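Take a look at this single chain, the form deposited in one PDB entry, given in structure tokens.
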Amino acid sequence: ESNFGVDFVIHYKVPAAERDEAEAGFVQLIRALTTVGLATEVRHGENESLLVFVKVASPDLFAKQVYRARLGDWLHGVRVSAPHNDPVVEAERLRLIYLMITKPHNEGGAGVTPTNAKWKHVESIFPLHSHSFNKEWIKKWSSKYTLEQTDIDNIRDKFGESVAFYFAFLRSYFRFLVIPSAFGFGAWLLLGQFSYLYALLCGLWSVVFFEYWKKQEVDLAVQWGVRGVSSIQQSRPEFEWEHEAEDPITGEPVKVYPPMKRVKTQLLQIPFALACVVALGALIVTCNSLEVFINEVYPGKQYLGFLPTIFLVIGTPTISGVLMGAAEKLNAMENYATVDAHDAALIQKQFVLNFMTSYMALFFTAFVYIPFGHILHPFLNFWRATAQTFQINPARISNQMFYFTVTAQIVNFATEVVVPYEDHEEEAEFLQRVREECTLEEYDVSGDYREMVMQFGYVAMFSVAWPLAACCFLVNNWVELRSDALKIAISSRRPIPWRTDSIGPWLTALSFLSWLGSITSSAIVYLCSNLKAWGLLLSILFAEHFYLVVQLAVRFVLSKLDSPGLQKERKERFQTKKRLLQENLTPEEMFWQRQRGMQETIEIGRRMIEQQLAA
């Protein structure tokens, strides 16, 4: 049916082995929720838990909270002026309710942080999905392929701005990946192989897409009223501290952490990255040497020649997940005070690791085995000795790139394909619905961001080897598109509506991938079309400088596109300007007393002209 005004739900698992302090913590949590003005209902949970609903009860405290939040946004420039001296979107009430649920006592709410606080029993605080909206969206989406602006607006109005930003980025990427597809089809059908024109077109498209997405995200931030949200610093509850100090200039009571300890912890990234590089490169070299050996020995010259590469691609997700788990553990150990800084560091680590695992094989095949033709010689001798008991065609990259995309894409498709083949006896349906709702996994969006960034990097720096690859990606994205729509619908719980300004450091990742692709496509074209080194360096010069010039030109052009957000902002500025304008409509002395008025000044001027032109 529909919710009974329930705003947030607390799971609060209660085990029998720690009943006493669990009951004490439940009492403390109920008291802390009641002391801020939040109505509570305990109900019966499942799997030894006590789920409890909470909503806003006292309008005065809620009004104070929204006023404080809007004042904070005004301080950082999110809005124009102060709110009032004493309206709300659907996916905003949940935001302030979660704020008062988790924020400490010194800004109104009561800190019920599931980790920092003593309440170890609290582990999941979540809003509730709209059953009617979910059913309507599943019905409407069951016969739809693409996304429009209306869908993005609905996602904004329902699940905050971060999910809306992710969906807008996904739609823009899918719409811009079409030109890749047509260009690659034309190059594979007409241009031949390793075309410089295709590399130039791919670099131009990458620059255009990056700059257009920058402009589009700025436009969306201006239109959605979330411009400058990243300037707002959100305190991380899990931030451990050892010293409580004051600011020498303002007097912040700050839980300060010695920066030397954080620097020492960050220095552990270098040994970790070096060990990952060494191990993964050794595995890659072993696989490539075994592939070369079996190609030299072997009915299977073409198809049965990239089996090590296929196995490496198949095993790449497992190693990738392990490395992301290790990076997450390291980032948890690496203390951070603010949420945005911790998220940026985690994204940087994950991007570096995924870049490594997903591009080092292609880099070794393209740029390492041509100059360093003896690195795999000991491995070749070892394989020959084991079996007892060499040119390097550049085009090997192309086929390998195919075997690095289609197979993996096909495997993902196959996985999804394989699976299918008392309670008061008055509202118990709602209670059981919440019961399987709290068992859902949290909506994680960084994985899809990273996957699409890796796809963009593939298209940027390696689609020149196999132009059709982008096409495959597009098809995959289409299927993946559906896999995202239901993912937030029933496949995952409702995420907390968080205001965001952009996609984050993924923009910098995309820019770096664009530059590296502009270099790498030209390098591959020169290395495979033919060698003279000076030609390769001149090609790199031309590619990088053309990339920079095209970036500047595209920025200059897009600065004159007249986005709807900018014109809306300037119209609002006009309106407020008119509103404010209509709302508010001794000789030193006698030096200004010889003449005072109109006729006197006129006559002295006439006399001055007379005496000046009379002689």
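Residue numbers count along the first chain shown, from 1. If you superpose the two forms and keep the largest set of C-alpha atoms that fall within 1.5 Å, you have the rigid core. What changes on going to the form deposited in another entry:
The residue among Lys139, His545, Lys329, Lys264 whose Cα moves by 2 angstroms or more between these two forms, once the core is superposed, is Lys139. Fitting the two forms on the rigid core leaves the C-alpha of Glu437 displaced by at least 2 angstroms between these two forms. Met598 is among the residues whose C-alpha shifts by 2 Å or more between these two forms once the rigid core is aligned. Annotation: Cα of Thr415 displaced by at least 2 Å between these two forms, core superposition.
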The other form holds:
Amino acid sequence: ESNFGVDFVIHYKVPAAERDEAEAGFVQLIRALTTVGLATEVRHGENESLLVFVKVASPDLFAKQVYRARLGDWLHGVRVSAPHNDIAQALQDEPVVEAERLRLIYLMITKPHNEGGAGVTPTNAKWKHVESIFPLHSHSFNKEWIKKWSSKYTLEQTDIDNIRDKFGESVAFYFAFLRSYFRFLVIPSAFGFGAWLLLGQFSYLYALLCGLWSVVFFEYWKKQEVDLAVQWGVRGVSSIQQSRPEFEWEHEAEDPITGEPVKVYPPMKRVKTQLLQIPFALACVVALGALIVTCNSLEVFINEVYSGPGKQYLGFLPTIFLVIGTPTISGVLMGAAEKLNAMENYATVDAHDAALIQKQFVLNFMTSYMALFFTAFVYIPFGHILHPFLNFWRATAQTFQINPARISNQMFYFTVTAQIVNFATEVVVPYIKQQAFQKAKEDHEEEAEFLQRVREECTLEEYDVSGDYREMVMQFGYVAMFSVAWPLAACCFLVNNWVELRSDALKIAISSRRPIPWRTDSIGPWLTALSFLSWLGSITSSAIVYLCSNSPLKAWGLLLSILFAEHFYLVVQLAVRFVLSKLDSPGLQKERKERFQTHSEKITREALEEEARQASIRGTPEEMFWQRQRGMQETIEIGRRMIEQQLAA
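To complete the pair, please output the form deposited in another entry; the form deposited in one PDB entry was given just before.
A lone chain is what you will see next.
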């Protein structure tokens, strides 16, 4: 039905082996929720836990927190208007929205004592039996959201504004990015159908069109997210450094200019931990390369041996099995990257998130493109280097030409498989898991439905937006640097994106708990990843056009094609950046409107008379250069006399 006015829920498991140290700590938890000004209510928690629900009781402290937060955006330049006048009648002018209300209640829960909160961060302090502070889903809103989004072909800006109003700015920026990407993916769908139907195979024109589309989509999304950050009032929140509660330290030094005590970590220890990425990256390169070389050698052996029924089908079963198995290897590698990033100490949330995103992007880049890269650039130009692997396979079974159109076919079997297993591990396998959890199964006899709902809500996983960003970034990479082999692939991705905008919505609706509303200026470092996946596309796809249309292949033609495609990409990037700086986006227009919205003769004679008095008190030619003519009129007659006697001789 509906929530009972509960703003946040803290789980607070109480294990039996450390009960007393939990229990008195539980008392401290209520103390930590009383001095801030939150009303608490303790209830039973399943699986040996003790749920507490917190809401805002006094609206005066909440209005003080709203005014202080708006002041905090005012000093950081996020809010350019007047914050408040130390009295809260301005909340009727700009209403407080549910996302920022939940964000401020979470800040009141989790910030330390010396900025108003009392931090119940579940890692550092004695409150280690806390592990999850989460808001509650509105099931009526989720049902209407899913019913509205599944009944429309396209989404407008009001839906993204509703997502910003409910779930915060990060989820709204993801859904706006996915909507813009899905709308921009119609263009390579149309030209991919045109290239697949008319242009034959491995068209250079399609590669140039993909590079131009990548440039146009990237810069137009940068303009669109600038406009969205101005519209949502979160422009410049990336400059606000947020302290990380898990950040370990040993020195609390002073700031050299201001004097606030800053907790400092030695950067050489962080560099020494960061240097562990290189053996991890090279070990991942070696292991994944050995696995991919073994799989392609196996499928070459099957193409050599297996004669007649299913050569076209059973010639990519190692590739299909690799795409099927790579979620498990990917999950192991992302767990290793998460452990390495937790080991690699970071003081701010944004740097930690950027480093994690970089590690995840590199790992998923390898495990999602290394097979296609080996096929297009190692197997195609020289396939004689993997002969001992076929010797090993022939010796095992005892107990030549390279097809240039291979990277086309293996792309098709790469895409259709990866659109199935990603529909498996993200949609239907969690559906079967929650159905199995549902089929496996006093509370004051008028709130037992709500307590059962919050008890099954806390067992769900916290929603991660970086995984969905990663999936769409890898899809953009497929379009940018491998869609020239199979031009229909973007079309398939288009259909997938229409599912994704709904299905990920369902992933927030029923398959995950409500995320904490966080404010983001942009999608962040994924932008950089997109930029990289643009540039490498101009290196990659056109090279495929030279390597599969070919008579022997020459190095100078390949280098000329790569050079021309990359310089065409750079020229198109400069032209699009020049054009899009002239469109006059309404954010800067509103900023200009806001910036616009936010006898002497007697005086000169009195001044020269004062100068005459000061001269008569005592630079004599300094005074008498000006004191000979001091009025307005006598300048006119002496100028006329100088004109008249100028022509008198």
